[PDB]
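Presented as structure tokens, the chain that follows is alone, the form solved without the named molecule.
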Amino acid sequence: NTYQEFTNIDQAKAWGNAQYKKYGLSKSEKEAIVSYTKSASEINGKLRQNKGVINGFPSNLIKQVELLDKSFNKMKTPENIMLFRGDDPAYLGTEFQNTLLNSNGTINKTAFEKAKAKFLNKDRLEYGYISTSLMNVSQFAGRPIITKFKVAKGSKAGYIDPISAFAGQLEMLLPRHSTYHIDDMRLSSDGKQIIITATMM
């Protein structure tokens, strides 16, 4: 199957804005999504720390998590689509935090091989929500790891950009507790990034 890759910002914004108009998110769901864009590091951190169990969270955060989860009943992609994410070295593991990059900002080729052994052709489970973009935006251009997610028609996926507190990210949110499979891992032309291709489940 083939996955729509947006190659133009205006095309992407237009498609996304059209999807957002159809969602019919409630007042509470919108409020929860706005807050997510302000506090995503905290929310996703707590979900990872607790392996998806929200029972011990403060009551306002439980409600927020439930409203985000519920939002995806209304937010599905109408087609196969490619989504993009940038990540820092710790995404690969604690062992990559101060080893993935040499002093030139170029990927250490030995660390790259270890990352390939750890992850290539394997599934990964993410306890947090996954913030992505419809394109490889300049925002995460400093980042050493770029992942391209292949997300199938009908999958839970929401263009939340219109109500995000921040600009320029063409942001598509994926639900928490998602699994994806790493199909391909390779160094970029200039050796400064690892490009990962993954299929969302």
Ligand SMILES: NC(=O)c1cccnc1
Given for the second form:
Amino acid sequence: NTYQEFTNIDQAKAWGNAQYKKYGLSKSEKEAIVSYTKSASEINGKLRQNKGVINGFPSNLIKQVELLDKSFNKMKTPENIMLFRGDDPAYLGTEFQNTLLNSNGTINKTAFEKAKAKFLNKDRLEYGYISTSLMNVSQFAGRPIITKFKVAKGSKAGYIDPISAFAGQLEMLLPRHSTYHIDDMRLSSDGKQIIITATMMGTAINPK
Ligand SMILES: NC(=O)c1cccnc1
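Which structure goes with the form deposited with the named molecule bound, now that we have seen the form solved without the named molecule?
Every chain and every other molecule in the complex is listed next, the one we just looked at coming first.
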């Protein structure tokens, strides 16, 4: 299976904007998505902490989460696509927070081997929503960990960039409680980054 990889910002925006125009999101769904782009770290943090159980959340956050979940009934990718993220060391676990990079700003080889043993050829379940970009955009592309997600035609995925509170992110949102498989992990040419290739399986949250 081949996955569409956008190579040009204008081409990516054109395609994304075309997708967004057809979603027919409701007023309430749009409000929930706007708020997500302002408060994603709080929302995803609480989802991770509680392993996806939202019963104890404030009433307004339950409503927001259920609206985001339901919005994916309208938001699917029309083709196999590649999506991107940049992550900081803690993404690999607490043990990598202050050990992944050496004093030169280069990936420590012992940490890289430990990360490979931990994640290579394994599944990973994410309790939060996954914010991605259509390309490796500048804002996040200098982070030490770059992930390329292979997302199959028909999968829940939404270009929310047109109503995001923030610019330059080419943001495609993926549903919460998604599982992906780490296929490949290697250092970059200059040794400053870990490039991860993963295959998106899909989400366990499927209302309606
Ligand atoms: N960390 C990221 O790559 C990212 C992508 C899109 C929106 N927000 C964050």
